[PDB]
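Trainee: The residues making up each chain are set out below.
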Amino acid sequence: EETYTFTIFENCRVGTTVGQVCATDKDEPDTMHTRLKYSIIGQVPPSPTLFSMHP
Amino acid sequence: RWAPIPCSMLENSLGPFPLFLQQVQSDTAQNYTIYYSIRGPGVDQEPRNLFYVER
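Chains as they are written, first to last, in UniProt numbering: chain A, 245 to 299; chain B, 136 to 190.
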């Protein structure tokens with residue numbers, strides 16, 4: 245999708261889950277050529293540091 | 136225990152922010168997988184998140 249959304253209250257705790265992002269690849273299934281890995285590349289506004297994700 | 140190294144921050148600036156102050160790191164970072172953390176007044180106590188570290 246081009247839109248991935250969550251809602252949370254303020255005054256939170258570390259580890260509060262905020263959902264998942266997903267992807268699929270036109271190479272052959274059950275191979276490396278479609279195996280994936282994930283990361284964070286920025287936030288707006290840039291600070292504070294607030295989030296984390298499953299590699 | 137020997138004396139601390141000082142750092143100095145000017146008032147009412149326009150940045151750009153975040154504005155750099157200090158760098159320390161554990162001499163074991165080439166030896167273990169480490170990240171850095173901060174606490175005290177000026178972050179987890181008031182005034183809050185006034186200072187930040189990059190882990």
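There's no promise every hint is true.
[Stated by the list, open to error] If you anchor each label on the Cβ, the simulated ranges turn out as follows:
#1 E245(A) to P176(B): 26 to 34 Å
#2 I285(A) to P176(B): 13 to 21 Å
#3 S148(B) to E254(A): 39 to 47 Å
#4 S143(B) to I285(A): 29 to 37 Å
#5 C266(A) to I140(B): 33 to 41 Å
#6 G175(B) to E272(A): 51 to 59 Å
#7 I173(B) to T247(A): 46 to 54 Å
#8 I285(A) to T163(B): 24 to 32 Å
#9 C142(B) to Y282(A): 31 to 39 Å
#10 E245(A) to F155(B): 15 to 23 Å
[What the hints assert, rightly or not] Just some of the chain A residues that point at chain B, by a computed CB distance under 10 Å:
#11 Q264
#12 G286
#13 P290
#14 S291
[To be verified] Residues from chain A that keep clear of chain B, each with C-beta distances beyond 12 Å, as calculated:
#15 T260
#16 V262
#17 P289
#18 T293
#19 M297
#20 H298
These are calculated hints, taken from the structure and not from any lab test. Backbone N, C-alpha and C fix where the C-beta goes; we use that ideal spot for every residue, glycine too.
Trainee: All hints are to be evaluated individually against the structure, with a verdict given for each.
Mentor: Status of each hint after checking the structure:
1. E245(A) to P176(B): 26 to 34 Å: violated, 43 Å
2. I285(A) to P176(B): 13 to 21 Å: violated, 32 Å
3. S148(B) to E254(A): 39 to 47 Å: Roughly 28 Å apart at Cβ, these two residues miss the hinted range, so it is violated.
4. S143(B) to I285(A): 29 to 37 Å: holds, 33 Å
5. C266(A) to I140(B): 33 to 41 Å: violated, 47 Å
6. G175(B) to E272(A): 51 to 59 Å: holds, 54 Å
7. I173(B) to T247(A): 46 to 54 Å: Because 34 Å falls outside the window, the suggested range is violated.
8. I285(A) to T163(B): 24 to 32 Å: holds, 28 Å
9. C142(B) to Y282(A): 31 to 39 Å: Since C142(B) and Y282(A) have Cβ atoms about 36 Å apart, the given range 31 to 39 Å holds.
10. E245(A) to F155(B): 15 to 23 Å: violated, 38 Å
11. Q264: violated, 23 Å
12. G286: This hint is violated: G286(A) lies away from chain B, its Cβ roughly 14 Å from the closest one there, beyond 10 Å.
13. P290: Holds, about 8 Å.
14. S291: Interface hint status for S291(A): holds (6 Å vs cutoff 10 Å).
15. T260: holds, 17 Å
16. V262: Fine: 19 Å to the nearest Cβ keeps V262(A) off the interface.
17. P289: violated, 10 Å
18. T293: violated, 7 Å
19. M297: holds, 15 Å
20. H298: The assertion about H298(A) holds, with a minimum of 17 Å to chain B.
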